[PDB]
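Starting off, we have a lone chain in the form deposited in one PDB entry, written out as structure tokens.
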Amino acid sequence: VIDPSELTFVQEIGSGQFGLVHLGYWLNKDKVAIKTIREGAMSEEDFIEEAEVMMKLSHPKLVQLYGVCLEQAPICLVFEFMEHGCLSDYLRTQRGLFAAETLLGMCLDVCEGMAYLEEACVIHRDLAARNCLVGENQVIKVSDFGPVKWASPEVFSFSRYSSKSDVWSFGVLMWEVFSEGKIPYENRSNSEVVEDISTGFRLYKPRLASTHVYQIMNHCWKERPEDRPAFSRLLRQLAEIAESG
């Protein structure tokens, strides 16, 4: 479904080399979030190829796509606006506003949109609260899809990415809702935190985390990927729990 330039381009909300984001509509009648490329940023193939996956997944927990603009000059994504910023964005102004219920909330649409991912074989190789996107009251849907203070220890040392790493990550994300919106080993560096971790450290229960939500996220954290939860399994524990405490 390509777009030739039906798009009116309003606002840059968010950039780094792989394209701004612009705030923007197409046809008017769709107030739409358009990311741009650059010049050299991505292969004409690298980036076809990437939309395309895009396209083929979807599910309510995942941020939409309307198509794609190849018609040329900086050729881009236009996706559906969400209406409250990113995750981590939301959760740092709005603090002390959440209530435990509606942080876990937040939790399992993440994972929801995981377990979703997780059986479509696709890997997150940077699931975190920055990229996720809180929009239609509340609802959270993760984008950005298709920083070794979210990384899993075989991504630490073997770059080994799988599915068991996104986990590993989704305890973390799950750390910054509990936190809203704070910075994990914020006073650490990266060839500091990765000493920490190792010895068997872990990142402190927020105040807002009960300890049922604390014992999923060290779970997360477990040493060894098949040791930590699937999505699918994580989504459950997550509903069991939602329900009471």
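Between two forms, the rigid core is defined as the largest C-alpha subset superposing within 1.5 Å. Residue numbers count along the first chain shown, from 1. Compared with the form deposited in another entry:
- Superposition of the core reveals a Cα shift of 2 Å or more for residue 46 between these two forms.
- In the core-superposed comparison between these two forms, residue 126 has its Cα shifted by less than 2 Å.
- Relative to the superposed rigid core, the position of the CA of residue 83 differs between these two forms by less than 2 Å.
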Second form
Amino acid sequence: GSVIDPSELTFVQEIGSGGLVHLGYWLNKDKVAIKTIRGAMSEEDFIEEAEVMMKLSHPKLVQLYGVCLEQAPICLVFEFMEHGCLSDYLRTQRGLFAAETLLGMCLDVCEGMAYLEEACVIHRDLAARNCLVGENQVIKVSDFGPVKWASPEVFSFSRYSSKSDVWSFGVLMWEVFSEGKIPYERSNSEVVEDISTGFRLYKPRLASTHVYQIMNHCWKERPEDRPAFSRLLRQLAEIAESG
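Right, the form deposited in one PDB entry is done; let's see the coordinates for the form deposited in another entry.
Left out here are the partners and the other molecules; the chain alone remains.
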């Protein structure tokens, strides 16, 4: 449920585009991020994803205040994340990040994805662009309600599972350690044929041998050979404890 009246919301500034993302206030008190509809995408599916997001509670997942239904275009009322999009945050603060900080960001994404794995929810589009940065560099997973991030089962047979999101997490891990670099920067059919041949993303300078090894385990051809998010969480924690 959670229905918000349009008069309660106050639009301040446009902060994102795709629909549009606006910085605003709810009841003239709380800082909120308002996601308005474009056109493309169904109005019911946009609300169906919001109902799923409001039922999943984890400190590493973005929380929703409510939904505006009365006036069209309809909108989602999200909590405001101070530093915004992860991919953009990595590019702006490039060269200022330490290896420990970048690994800490990957552990935050893996925490939220381990919760979704147990709750049997497939993300379908896990990327650095769909991750948000809050206060004290805390990373939260969004849009949990593009073949570069897709696994061989997805771009050829459209088989979605928890192991296909593991492949996406491997590509996400590459974006973090490369400090916001575009993966396979190359057309869709060019990369889809490159992956099957045996070509993967190169080793980033900031990432270590143990970090890149975990990325390749996520990049395994067979879904069964890839480790689960629950296992990956403990493997990433072992690197942070030692080096």
